[PDB]
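Take a look at this single chain, the form solved without ribostamycin (RIO), given in structure tokens.
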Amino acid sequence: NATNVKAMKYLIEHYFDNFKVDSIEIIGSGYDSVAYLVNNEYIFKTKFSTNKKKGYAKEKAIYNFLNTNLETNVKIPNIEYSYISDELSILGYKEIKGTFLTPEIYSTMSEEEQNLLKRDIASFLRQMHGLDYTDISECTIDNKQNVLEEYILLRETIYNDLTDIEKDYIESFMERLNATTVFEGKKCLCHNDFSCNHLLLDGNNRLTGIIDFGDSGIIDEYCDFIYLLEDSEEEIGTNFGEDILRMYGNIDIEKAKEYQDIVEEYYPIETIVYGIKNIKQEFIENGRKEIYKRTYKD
């Protein structure tokens, strides 16, 4: 699958006059994006037509805001090339180098190395969350309202074809969402996809870089702890997130956990909604199945 590499080479050279592509390979991808390593130096992140028709616009505005206002040794993407349209968007920045944090690597770190990493993370988040965001005040994200809208989308599309069990899982979520107070806390600029696969380590196992601020915005402070608190094979574990919360300070840990638990409870619904919005039946099917699996866990 080389048609897309060649296509991307052409597009890069076409949209960015005087950029020459000597080498190009795919080095990663997201749900709707592919990331290309170009000349062993640049990342070119690309998306074709999607629901976020101004998505890379926002992401770029965020990198610009952060590179202007953050004071940190931690690297983030600094945008040098951009092309943005309904049908195609491209962000180009110098590759952030290092090794992605994994549970395996963490477990080979000394206790001190682990603490320092935790400190590095706490300190970064503290700095970002503390930025006055009045300048990008429009990049607000209201997760509660979004779920409400997504629920309405469900009601308008497939809800009536759902089973009672599926419906009950959804309504039960909605009821919990209506009762929770976890949205009524501090709002601030968050990375909002803060998992260990976006965290880069240098050769001393210290945090050297953070990527993918594609979902960032002004949102509940709790958001950036959701994956740090996650107990799964992909993430490091709850104790890791707890310790980081303590280092970060001034934050209700139980509430951060409740927030994580609610996001986790929503995931199958999110999956279904993605399936609907992007016309991908496989995602609707997986989300529904996942509801059954969780209903039967107990």
Contents of the next structure:
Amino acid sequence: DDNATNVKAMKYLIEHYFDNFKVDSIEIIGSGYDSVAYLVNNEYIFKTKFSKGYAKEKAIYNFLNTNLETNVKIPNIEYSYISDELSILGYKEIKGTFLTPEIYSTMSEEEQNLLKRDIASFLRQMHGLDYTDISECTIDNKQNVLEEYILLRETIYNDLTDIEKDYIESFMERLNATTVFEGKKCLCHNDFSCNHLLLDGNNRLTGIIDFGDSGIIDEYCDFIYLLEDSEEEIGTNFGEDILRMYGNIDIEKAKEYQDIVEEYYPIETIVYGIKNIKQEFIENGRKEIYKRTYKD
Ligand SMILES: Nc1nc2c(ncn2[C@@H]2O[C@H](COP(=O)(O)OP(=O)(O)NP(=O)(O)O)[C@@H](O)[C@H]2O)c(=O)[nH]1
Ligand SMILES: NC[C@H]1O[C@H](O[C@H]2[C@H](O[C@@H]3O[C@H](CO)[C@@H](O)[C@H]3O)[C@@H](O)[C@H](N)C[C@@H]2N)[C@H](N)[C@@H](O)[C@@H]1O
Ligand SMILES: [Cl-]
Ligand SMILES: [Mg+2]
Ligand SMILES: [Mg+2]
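Can I have the other form now, the form deposited with ribostamycin (RIO) bound, not the form solved without ribostamycin (RIO)?
Below is the entire complex, every chain and molecule, led by the chain shown above.
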């Protein structure tokens, strides 16, 4: 019994904290580096974490369920337990199939267009919300990076190689010269990748999950994965078309914003390692810097 034990513990905690909730079945459906999500009674999702723990995400679902006008479904929190050492959010599973590159490639041109229009429409509607009632949830990525650079300088920066230092400094120089943080701010999903997008039986967008990183931030943020060229995402043209449908936005700046975030990735990974005292992340990030430096 490996997998069997985690599930038992979480079944115990769910029943203990949610007085009249009976767990008849429970399985792991996903996990991050510091969280685990479970499917319970083939009906409920329970996102859990042993903290930095789930209060903001819940506030955002509550704000969005009150204010969004859309047929696209999002989580609606029925159960929550939030404490310093433990957080749990429960909601009814949104039913559907996650969008993937393989699926997209089987769709007709028209089906692809309609999906793109759906996404644009959802983003336009969310970005247009008056965010006053969630004003607390502001995120300044540039300032966050500066603070993370300071933490590097205070911890391991001096032990890095010249090549690692150069990569970091060359990123900081670019950050200082860019104008992409100076545009429209709005409420963004802020992790808007196709593993969070659900399709219904006609390949239309039916739901969106994981607003855990959402906040008032640069409008460009919600396009960075839609613009990404990788195995996990659909491709740059997909993001471009969505941008054109969404309208009133500088595409070249959206791409610059995406490229800068991408350049930061290995540094983000290093910083996560430092803050969470996980050496393997520090090592992975540094190695990634070498791989990027040597790519022709
Ligand atoms: N079909 C379906 N799957 C969901 C739903 N909610 C969660 N999941 C599944 O559970 C996984 C984990 O959920 P998610 O919100 O993305 O959280 P996380 O990124 O792992 N954790 P965190 O946001 O704390 O870093 C998703 O990849 C998906 O497999 C839902 O409503 N419907
Ligand atoms: N799983 C490996 C992939 O990681 C990154 O992309 C994923 C992404 O990871 C972030 O990407 C940023 C750098 O672009 C960072 O902030 C990451 O945290 C994740 O947050 C999204 N929900 C899904 C994205 N596909 C990379 N962009 C991509 O090139 C790479 O293939
Ligand atoms: Cl290391
Ligand atoms: Mg997720
Ligand atoms: Mg998340």
